Amino acid sequence: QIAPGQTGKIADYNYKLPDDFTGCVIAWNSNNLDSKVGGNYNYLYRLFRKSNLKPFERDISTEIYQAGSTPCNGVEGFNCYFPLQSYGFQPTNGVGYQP
Amino acid sequence: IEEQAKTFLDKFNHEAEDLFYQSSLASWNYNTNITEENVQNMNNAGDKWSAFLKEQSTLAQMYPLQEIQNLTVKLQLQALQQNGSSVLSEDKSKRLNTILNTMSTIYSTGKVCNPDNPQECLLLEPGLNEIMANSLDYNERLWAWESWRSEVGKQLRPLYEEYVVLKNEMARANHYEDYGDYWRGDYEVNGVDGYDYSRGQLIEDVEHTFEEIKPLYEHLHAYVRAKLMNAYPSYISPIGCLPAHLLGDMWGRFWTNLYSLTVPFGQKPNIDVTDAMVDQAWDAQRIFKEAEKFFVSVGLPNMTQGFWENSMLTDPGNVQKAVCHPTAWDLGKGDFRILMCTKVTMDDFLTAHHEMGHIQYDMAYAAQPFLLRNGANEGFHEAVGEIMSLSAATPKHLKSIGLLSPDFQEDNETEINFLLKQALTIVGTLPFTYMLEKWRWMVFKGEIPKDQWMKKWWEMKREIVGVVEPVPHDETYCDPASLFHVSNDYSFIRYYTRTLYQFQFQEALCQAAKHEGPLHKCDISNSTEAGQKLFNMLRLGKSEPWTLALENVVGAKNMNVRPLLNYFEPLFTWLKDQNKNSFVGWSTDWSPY
Ligand SMILES: *[C@@H]1O[C@H](CO)[C@@H](O[C@@H]2O[C@H](CO)[C@@H](O)[C@H](O)[C@H]2NC(C)=O)[C@H](O)[C@H]1NC(C)=O
Ligand SMILES: *[C@@H]1O[C@H](CO)[C@@H](O[C@@H]2O[C@H](CO)[C@@H](O)[C@H](O)[C@H]2NC(C)=O)[C@H](O)[C@H]1NC(C)=O
Ligand SMILES: *[C@@H]1O[C@H](CO)[C@@H](O[C@@H]2O[C@H](CO)[C@@H](O)[C@H](O)[C@H]2NC(C)=O)[C@H](O)[C@H]1NC(C)=O
Ligand SMILES: *[C@@H]1O[C@H](CO)[C@@H](O[C@@H]2O[C@H](CO)[C@@H](O)[C@H](O)[C@H]2NC(C)=O)[C@H](O)[C@H]1NC(C)=O
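Chains D and U, in that order, are what the protein sequence lines are. Going by UniProt numbering, the first residue of the first sequence is number 409, and it counts up by one from there. Going by UniProt numbering, the first residue of the second sequence is number 21, and it counts up by one from there.
These are computed hints drawn from the structure, not numbers from a lab. For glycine and all other residues, C-beta sits at the position ideal for the given N, C-alpha and C. Wrong hints could be hidden among the right ones.
Unchecked claim - Cross-link-like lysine-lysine pairs, in silico, PhoX-like; alpha carbons within 25 angstroms at most:
1) U:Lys247 <-> U:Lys31
2) U:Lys31 <-> U:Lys74
3) D:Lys458 <-> U:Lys596
4) D:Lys458 <-> U:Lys341
5) U:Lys288 <-> U:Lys541
6) U:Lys74 <-> U:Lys114
7) U:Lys187 <-> D:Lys417
8) U:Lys187 <-> U:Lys476
9) D:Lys462 <-> U:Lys74
10) U:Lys458 <-> U:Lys187
11) U:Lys112 <-> U:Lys74
12) U:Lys577 <-> U:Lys94
13) U:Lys313 <-> U:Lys363
14) D:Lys462 <-> U:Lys94
15) D:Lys417 <-> U:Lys94
16) U:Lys94 <-> U:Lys26
17) U:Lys187 <-> U:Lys112
18) U:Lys600 <-> D:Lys444
19) U:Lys309 <-> U:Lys288
20) U:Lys416 <-> U:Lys534
21) U:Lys31 <-> D:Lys444
22) D:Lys417 <-> U:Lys31
23) U:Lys309 <-> U:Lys419
24) U:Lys596 <-> U:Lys247
25) D:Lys458 <-> U:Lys26
Claimed, not checked - Okay, the calculated beta carbon distance ranges per label pair:
26) D:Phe490 <-> U:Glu227: 48 to 56 angstroms
27) D:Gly482 <-> U:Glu227: 53 to 61 angstroms
28) U:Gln89 <-> D:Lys417: 39 to 47 angstroms
29) D:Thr430 <-> U:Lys419: 33 to 41 angstroms
30) U:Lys68 <-> D:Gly482: 20 to 28 angstroms
31) D:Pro499 <-> U:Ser218: 46 to 54 angstroms
Stated by the list, open to error - Here are a few chain U residues that sit away from chain D, every Cβ distance over 10 angstroms (derived from the structure):
32) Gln42
33) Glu197
34) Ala296
35) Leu392
36) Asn394
Whenever a hint applies, use it, and build me the whole structure from the sequences.
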């Protein structure tokens, strides 16, 4: 999902690059430090957000989502969710679910 | 409105794939290193997973199912909004679980005592099944056979009579007319532009296909009877129904233990390569690497790497307490593994292909949403395993993998020993598998009342199977309930449907493989087209119906039994010659007493 031209849950709501991006992307497998058997829930991610990002919006803003027409003041019962989730990284994960 | 349900299910997937993971990991860790601390730790993980899934079911009910335009988000809501249990009064929910736990303990703990020696008593598996698998004493077998029913079956009868009420209240409260139709619900398909299928339509397609099997079965029955008359002289009529205590286990479910009594050409040794594996010094790693070479040879992906370290193929070097029962494990997070304790054998070389063929299915639909990561119906999931073992059992595979010599020759007499050994497993059970489901479908709807439960059963054993009570029975017995699948509440119709689909898949891949011979010689190797037609069905999971997945592989929108019969035409042609002077089929009026 991490490129110019690419789409997905990260590429809409977490990390956009301009479609003519002046630069490069580098990545390496980190099972051997980012993951432990208890579930390293340390890393979070924006699973829900209204509208869409622009490129390079590190929008730390954290309030409850709400879809369609409902008010929501916390509680997050139905049609409204807390916007972040943890990654469940563990050293026993398969390759595509590794950190 | 619909788009809220997409976001609600996105929450569910990212929550569930992790709860499911550490739950199923604790289950794995218990199974491979058994301690009461591990029992507690896996149980309260399974508990906290269950507690999440039922909360999410009452939150999924909030969504109108009829407003959903998308079919995929609709399957995910329908599978989560299901009520299943709960619909009962909670004291009737508690009573149902109390009865199920009571039928489960009575079946498993059930002792049969020797009347010659009342101080010696046998559980079901040790000693009591062993007489039915290996004794040739008609009276010792008849003693084990009727003692199981008269000592244990009579305790399950009075429980079954209350379980059938509680199951049907639950099915009705879920708006199905009976709990037999609740089970059928798996096969239901709607709204998919000509690919639809009714719960009831299974019963008609079973009964339409089964009578194409009856001609093959009636000659196999006559041949088995003509051989059993030499093992049991005077005890069997040449036109009789077969006495149930003679059929190789406690119920007659498979005829495969009769191979040594029924054999066509036993002086020709039916092939083995276990001797070749030990003389080539293979181990658990080689056994699975030559199995992996078969799936990459057909063009499928290899092991998910971490598989090799996180799987257990062997019983440990530490004297570890573990369940060595062979099982393909999926635990989510792409974490596929295989628990077994292999010993260097061709049976294990072929179980390695069978169980790896489960992992190879799971991996294809790993890209589907979590609620859709299962087989297209409950039958497909073993059938996609077995077609790999069918490939690997061939002498063409075994001579390409070095387990048979280049100068090894196949003679006709070896082929007929093989096909008869197969038919006693593949075909001999199909009357039992249709009939036990027919009896439960008739019991849950009340077409058989409780003053006919045992009366009807033995009329059906006699009419559908050609198999007869060694001793008279009455409504104080429950011979159906004397079985795991009936006492532990498990729907059996998945075995009939899976045994049909298996040969459709086989013959479709045989045509792709340009196969020049009979269907049983066929090897899934070096073939490319076969792998492409296979993978394009494997990667669909539940997202598309089984009725569409069939026309992807086979070209047909429903189940067809011709391919199974076309595995056996060389054998059926032989059985006909072996029956010319004999009587074929049976008299329902005959009884052994
Ligand atoms: C609802 O149906 C549409 C199509 O009928 C699905 O849309 C596709 O979604 C994937 C991403 O999941 C895209 O890559 C495709 O390009 C989309 N195609 C079309 C034609 O829309 C959509 O996924 C379905 N909803 C869900 C929840 O699966
Ligand atoms: C599930 O069981 C409930 C009864 O516990 C059925 O009735 C629902 O009752 C709840 C309140 O507890 C309402 O919110 C629902 O509207 C009722 N059902 C609906 C959605 O009409 C309910 O019908 C059952 N659901 C299924 C799967 O049929
Ligand atoms: C296996 O093949 C052999 C070779 O054809 C069969 O032997 C023939 O059997 C018929 C019927 O008895 C005879 O008319 C032929 O003369 C036999 N051939 C020879 C060369 O003697 C044998 O019957 C086959 N066995 C099975 C089980 O099909
Ligand atoms: C089926 O696949 C195997 C595996 O690639 C092929 O085996 C090769 O056979 C050639 C000549 O027979 C040998 O020189 C190679 O060393 C073999 N490869 C391996 C890895 O052992 C086999 O030829 C294929 N069958 C057909 C008909 O093409």
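Consistency of the hints with the structure:
1. U:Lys247 <-> U:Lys31: Judged against 25 angstroms, a Cα distance of about 62 angstroms means the pair is violated.
2. U:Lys31 <-> U:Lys74: Status holds; Cα separation ~15 angstroms.
3. D:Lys458 <-> U:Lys596: Status violated; Cα separation ~73 angstroms.
4. D:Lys458 <-> U:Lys341: Measuring from Cα to Cα gives roughly 53 angstroms; hence the hint is violated.
5. U:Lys288 <-> U:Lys541: holds (18 angstroms)
6. U:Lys74 <-> U:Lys114: holds (17 angstroms)
7. U:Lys187 <-> D:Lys417: Measuring from Cα to Cα gives roughly 43 angstroms; hence the hint is violated.
8. U:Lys187 <-> U:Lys476: holds (21 angstroms)
9. D:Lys462 <-> U:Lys74: violated (39 angstroms)
10. U:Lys458 <-> U:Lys187: holds (17 angstroms)
11. U:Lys112 <-> U:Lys74: holds (18 angstroms)
12. U:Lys577 <-> U:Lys94: Roughly 22 angstroms between the alpha carbons, so the hint for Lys577 (chain U) and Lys94 (chain U) holds.
13. U:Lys313 <-> U:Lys363: Distance of about 20 angstroms is within 25 angstroms: holds.
14. D:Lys462 <-> U:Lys94: With Cα atoms ~32 angstroms apart, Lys462 (chain D) and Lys94 (chain U) exceed 25 angstroms; violated.
15. D:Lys417 <-> U:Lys94: Within the cut-off at roughly 21 angstroms; holds.
16. U:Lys94 <-> U:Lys26: Holds, because 9 angstroms separates the two Cα atoms, which is no more than 25 angstroms.
17. U:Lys187 <-> U:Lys112: Distance ~10 angstroms between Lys187 (chain U) and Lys112 (chain U) Cα, so the pair holds.
18. U:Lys600 <-> D:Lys444: violated (71 angstroms)
19. U:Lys309 <-> U:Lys288: violated (31 angstroms)
20. U:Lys416 <-> U:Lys534: Given that 25 angstroms is the threshold and the Cα spacing comes to 15 angstroms, the pair holds.
21. U:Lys31 <-> D:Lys444: Cα-Cα ~24 angstroms, so holds.
22. D:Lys417 <-> U:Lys31: holds (12 angstroms)
23. U:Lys309 <-> U:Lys419: OK: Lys309 (chain U) and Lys419 (chain U) at ~17 angstroms, within 25 angstroms.
24. U:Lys596 <-> U:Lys247: holds (15 angstroms)
25. D:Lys458 <-> U:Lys26: This hinted pair holds, its Cα atoms lying about 14 angstroms apart.
26. D:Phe490 <-> U:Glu227: 48 to 56 angstroms: holds (53 angstroms)
27. D:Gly482 <-> U:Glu227: 53 to 61 angstroms: holds (58 angstroms)
28. U:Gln89 <-> D:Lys417: 39 to 47 angstroms: violated (22 angstroms)
29. D:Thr430 <-> U:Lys419: 33 to 41 angstroms: With Cβ atoms ~60 angstroms apart, the hint is violated.
30. U:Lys68 <-> D:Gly482: 20 to 28 angstroms: Because 24 angstroms falls inside the window, the suggested range holds.
31. D:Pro499 <-> U:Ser218: 46 to 54 angstroms: Once the Cβ atoms are compared, 48 angstroms apart, the range 46 to 54 angstroms for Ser218 (chain U) and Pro499 (chain D) holds.
32. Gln42: Per Cβ check, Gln42 (chain U) is inside 10 angstroms of chain D; nearest 6 angstroms; violated.
33. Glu197: holds (33 angstroms)
34. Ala296: Per Cβ check, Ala296 (chain U) is outside 10 angstroms of chain D; nearest 34 angstroms; holds.
35. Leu392: Consistent with the label, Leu392 (chain U) stays out of reach of chain D, its closest Cβ about 18 angstroms off (over 10 angstroms).
36. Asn394: holds (18 angstroms)
Hint check: violations occur at hints 1, 3, 4, 7, 9, 14, 18, 19, 28, 29, 32; the rest are consistent with the structure.
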